[PDB]
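Next comes just one chain, in structure tokens: the form deposited in one PDB entry.
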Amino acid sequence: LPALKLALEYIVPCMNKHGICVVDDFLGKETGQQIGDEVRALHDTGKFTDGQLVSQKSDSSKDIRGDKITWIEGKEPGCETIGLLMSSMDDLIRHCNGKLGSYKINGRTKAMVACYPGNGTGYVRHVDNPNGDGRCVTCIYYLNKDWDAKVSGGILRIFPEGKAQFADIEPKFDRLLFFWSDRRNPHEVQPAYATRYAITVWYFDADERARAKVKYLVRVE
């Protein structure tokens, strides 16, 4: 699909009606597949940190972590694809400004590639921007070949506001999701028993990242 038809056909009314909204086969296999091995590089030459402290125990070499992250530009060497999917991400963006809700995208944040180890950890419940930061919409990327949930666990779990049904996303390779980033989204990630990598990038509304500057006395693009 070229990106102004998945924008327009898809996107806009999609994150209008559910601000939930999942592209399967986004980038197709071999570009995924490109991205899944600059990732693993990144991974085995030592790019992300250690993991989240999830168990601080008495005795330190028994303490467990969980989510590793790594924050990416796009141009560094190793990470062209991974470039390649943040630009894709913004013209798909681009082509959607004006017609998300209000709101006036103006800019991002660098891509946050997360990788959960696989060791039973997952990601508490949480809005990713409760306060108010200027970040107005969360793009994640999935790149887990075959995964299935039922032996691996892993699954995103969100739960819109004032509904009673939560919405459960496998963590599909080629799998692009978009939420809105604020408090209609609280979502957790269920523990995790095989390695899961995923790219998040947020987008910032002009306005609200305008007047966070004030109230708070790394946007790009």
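Numbering follows the first chain given and starts at 1. For the two forms, the rigid core is made up of the largest set of C-alpha atoms that agree within 1.5 Å on superposition. What changes on going to the form deposited in another entry:
- Shift analysis on the rigid core between these two forms singles out 50 from 37, 44, 168, 50 (C-alpha displacement of 2 Å or more).
- After superposition on the rigid core, displacement of the C-alpha of residue 68 between these two forms stays below 2 Å.
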The other form holds:
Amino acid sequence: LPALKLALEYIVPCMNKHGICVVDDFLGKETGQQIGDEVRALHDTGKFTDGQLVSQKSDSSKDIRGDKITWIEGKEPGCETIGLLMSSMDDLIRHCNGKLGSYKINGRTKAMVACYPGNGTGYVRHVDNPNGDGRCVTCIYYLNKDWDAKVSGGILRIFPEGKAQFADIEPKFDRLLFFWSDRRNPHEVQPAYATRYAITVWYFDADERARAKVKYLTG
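Target state, the form deposited in another entry; input state, the form deposited in one PDB entry:
We keep it simple here and write out only the one chain, dropping partners and molecules.
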């Protein structure tokens, strides 16, 4: 899809008005399937490890999030289509430069490839960036062909602040989602009863990320 039009005429107004934006059929079936195969190859070869939290304390991470993950830069062998996904995400964000709130987006995390391996795993209600670590936009791509949420669950429920309805996002094949990462969008992954895959990148606001890095580097 042409990035300029999609960014400026849809993603920008949707993000500013609602803080959440869904783009269905982002890359098309062939590319989505190739991504699914690359992800399943990562799973099958033991690459995933338990998802972790910003601040680890007495409780097991698995009491909080039951997913297993790996980080992808985009250039690894066997991850070329994930890299194309990431570049397509980046292209949309670059065409949004300066139009997403007051943020100035100069960078992002690596891609987090995540799997909830059925069995009722999920993620308790939480905020992606509650204390100002730099993350301003969460971008997620779903690649679950044949997902039937009424049976397998796995719905991402977002509680956008100040709204009269919450937002239920099925983890549908080839769906791209953006939302503000801060406290405006508490959210949860409801229990999944089938293997559920998603790829996430978080985009950074330059000034907030600089302050967060200064805090980390000074203790």
